[PDB]
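Listed next as structure tokens is one chain, alone, in the form deposited in one PDB entry.
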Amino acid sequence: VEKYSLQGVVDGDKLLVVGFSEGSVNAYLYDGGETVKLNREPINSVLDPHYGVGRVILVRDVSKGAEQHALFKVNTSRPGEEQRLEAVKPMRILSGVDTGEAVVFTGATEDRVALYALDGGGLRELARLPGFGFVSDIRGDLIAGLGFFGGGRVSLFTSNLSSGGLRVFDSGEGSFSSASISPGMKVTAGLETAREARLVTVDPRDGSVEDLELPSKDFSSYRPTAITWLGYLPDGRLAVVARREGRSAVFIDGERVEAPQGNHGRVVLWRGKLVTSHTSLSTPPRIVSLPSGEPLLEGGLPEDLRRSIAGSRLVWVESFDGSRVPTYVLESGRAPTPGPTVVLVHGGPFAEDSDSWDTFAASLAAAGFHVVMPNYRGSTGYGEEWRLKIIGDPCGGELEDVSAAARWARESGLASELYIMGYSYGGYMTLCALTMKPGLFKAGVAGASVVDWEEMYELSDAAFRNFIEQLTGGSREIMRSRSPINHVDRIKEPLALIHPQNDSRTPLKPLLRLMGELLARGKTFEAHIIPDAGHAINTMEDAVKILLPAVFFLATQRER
């Protein structure tokens, strides 16, 4: 079914959206009635637009999933007419923003990640970022942003539009989750500490980290623990979407706004009426109004794929270190209790299983499988402490917790059998759970998985090279003993390896040596290499592409 993410306004007050619609991600214009297409070809994403500008910056995969993006400036008045910003080699755009006079954005290549500036003079490199870095906001000649530069920690990075450059602002307390410039050009960020979460006023000149205060104190009472996203509206109001335990709240000047139960994010000022992008375990990402909650954009979701879940529960699991991992349950009406159960680990890992829409969680509970979507340490939304616990310890505690969700299930009386399923870092978890715990589960599905750190290293761009060092405390001896490939002499339960050939995140190269390894020590497994597919789905299809083989493998087990 169709999906719509909020991008922002342009054309004055013509809401800009993006839709996973008809087997393709397309940028869209919405004027309160009939959505209008912009892109010609299925795109991938659309650079954060700056309110009311008459053009859009499409982000296209010119490599077929490989993540090498080409930029096209599609004037909004002329839907379907595109200009490939040629003064920009295809690369990996992590994020950017367009102001209508010039485009800045972050790109990572073999050699480096840097903040780029495309204006009416040609290409310019603003600043070279340590590793994964994102353009949060631009206001004036200012450039506010985020960056994973050290310790799974997130930092505040600021640059310039003309002279460029960059100074990185840290917090001993915690990481940053999003920012947006204010009138005072002081970066209003959200400090996520091992503790809780709140706003701060990080000033560019000296880097003052004073606490930010809001008029209404709802947000200051919601006791947020992790700020999804935030940012000022044109009227001048600071839009803050915090959240705790998978659910979020709309706050304007502290002033809480009533919104559909689940999750939202970017909030906008369309025709002067607040608007965000809802998503719930049962409702797929969509664009609604607030606080009324009426949906402006939502795709025809069946009444059975929502009926394919008898219920949901946030249970808190007892981890080995006595840590409680906040887990997400999903009963599969099309299954009994206990019954077959699959442990669906979110990838990331700095992601999480919240009360939001998960296509795997749905299909799964639809396949007669209850689901367990634990927020192991490294996950997001549960404090800077739980997320930084993984750094340097990939495939350790988390796994344990990921195993503690498994533990729960059977004794909890809901699992008659347990299988672990995952993608990306989740695919990676399916591999450690199976190599480090050749028994916990009945079987494992790994997709766009991580099988060798040292190779994924020798096959990654500057973005990804740095990411690893971090998640392993800059030590090879981890990329060695925390890479399942070297632990293939110990796997016992079956395993399906779903993998996109062109994935440039989790390459296929090291994944094919893994299959070949399995074949040596003759292990029972099945491989799935999807064609011209990368790490994500820029089509409605490739959802089912790496989710069709899975279920069969996962149902073949069912019958012993």
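Think of the rigid core as the biggest set of C-alphas that the two forms share within 1.5 Å after superposition. Numbering follows the first chain given and starts at 1. First, how it differs from the form deposited in another entry.
- Put the two forms on the same core and the Cα of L508 is off by 2 Å or more between these two forms.
- Residue displacement note: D11 has its CA displaced by under 2 Å between these two forms (rigid core superposed).
- Superposition of the larger rigid part on its C-alpha atoms leaves the smaller part rotated by 32 degrees between these two forms.
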The other form holds:
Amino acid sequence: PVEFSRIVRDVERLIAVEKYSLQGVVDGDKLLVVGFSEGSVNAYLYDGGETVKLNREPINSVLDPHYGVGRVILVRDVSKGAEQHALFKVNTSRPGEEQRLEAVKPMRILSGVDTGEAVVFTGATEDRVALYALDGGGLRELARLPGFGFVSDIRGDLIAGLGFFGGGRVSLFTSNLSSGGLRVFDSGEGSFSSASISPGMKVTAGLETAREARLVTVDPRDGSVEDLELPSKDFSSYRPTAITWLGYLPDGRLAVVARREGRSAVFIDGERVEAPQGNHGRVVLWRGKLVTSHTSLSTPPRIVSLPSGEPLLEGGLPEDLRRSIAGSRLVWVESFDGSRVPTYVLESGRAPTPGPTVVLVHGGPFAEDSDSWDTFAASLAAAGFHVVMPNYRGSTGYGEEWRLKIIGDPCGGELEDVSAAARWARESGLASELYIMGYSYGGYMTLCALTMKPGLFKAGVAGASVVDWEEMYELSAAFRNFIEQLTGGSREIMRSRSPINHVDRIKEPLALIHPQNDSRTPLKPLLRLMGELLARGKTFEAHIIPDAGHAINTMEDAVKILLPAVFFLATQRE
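One more: the block was the form deposited in one PDB entry; return the form deposited in another entry.
Here you get just the chain by itself.
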């Protein structure tokens, strides 16, 4: 019989576990870390096995400090739930004492850096998006931005950042601290992902293309772009597809974190440094040693030392639960047309082999299953399910060709990909029985699978799903454009690939989890689906929830959204 209170207890601990991000080095030589829990967030100084809390009430984030600055700028929402933020300064020698920066009116704070002398940030109001500089003599608007924009780095008087200024791409920009203004460097056929200013006052940037990422140097004096050449060739030989973060360390070396196939690697002046398998955040130099953040499908975000990978700060889980979440691995699953589908697998320590296995389908579809911490997948492992996470075609992270294969073919090839992953789990000896679970586009897939491939999965869970493309099309500007694109402008594809037109074929129990009042995934089509299921005597469960937030932060959110799915699946295990 299902141990319900165990599942809720575990889901509780996985939601509560503290999660850490590295922000920089301050106060001479202390780590600045932001720690997150149950969606609640604080700022800490770390040094030598101990933390000190800097803020009082929960915050939203902090600005990027320059190495060594004696203060930290907290960003905090001014109402509870509102886009308007205010800025609060804390001296690192007087933690817990906050001085509100009254010169900055509430607004949506998008990013920022604190040089120690000037606070430079981007913000959005009713009027505009702007770059601002706050110094001792008050607030100045350096520039108005033609879109959402983010400060990456300041060195001397030169400011660099990334802007979403049109054409579907991230462009690079620069400004001056003293004179302001804006210069935009267009990314051409790629997008800039990160930027840092060299001692030579060049902007080094990560340029992501259709295929392989490029490290480039951009001379801000003339807009010239050249591939950057590093003293060690490890980085180039790695052939990354994306660049997560880069920055110059105080001693002038360039730190870069790049990734491919859902895992990242750390490089210093092109030379690779050993790091724990997974994904890494920013790298800082601290008392002569290198420090980064780490996360994986089995490891909540934490701070590690390199190259040992020893944790400095990590949240606590009980011995019991840590052992439920075993290692993650990547496997390349072969699909119907021979194309290989990169699929992350998370093994449960609480399930034998072969054992119950969930194929957990990501939303988007323009998104990626990477080797990074996921409350959903971890909850499944804790409840005694292996989790299989396939990057079906349409996914990001593997080049433009793979992403664009979904166009005109929803519920076609990408379903074969998902189906091949399931097959792979059964025949590899991992799975004794197979389930499917997914949210948004993932829920659409779930319904797509149970209709077009009955007898493949034992049960399905569909969250925030879409049911009928044609009805959705006529009810939706932005989403109508998207639906047109995805279906190749074909009403025949809208109709044939809508699961509500094939309910008749479902042979397996289905669990629907849906928001009561969200215009993005509306409820009306789901009631029709439920009427159809009922009329045809199909087994189904439904949980309809008002006022769900689109991300699992708190225990409340988890209970509404995640818990019923895990319960349902545990009962299907009969």
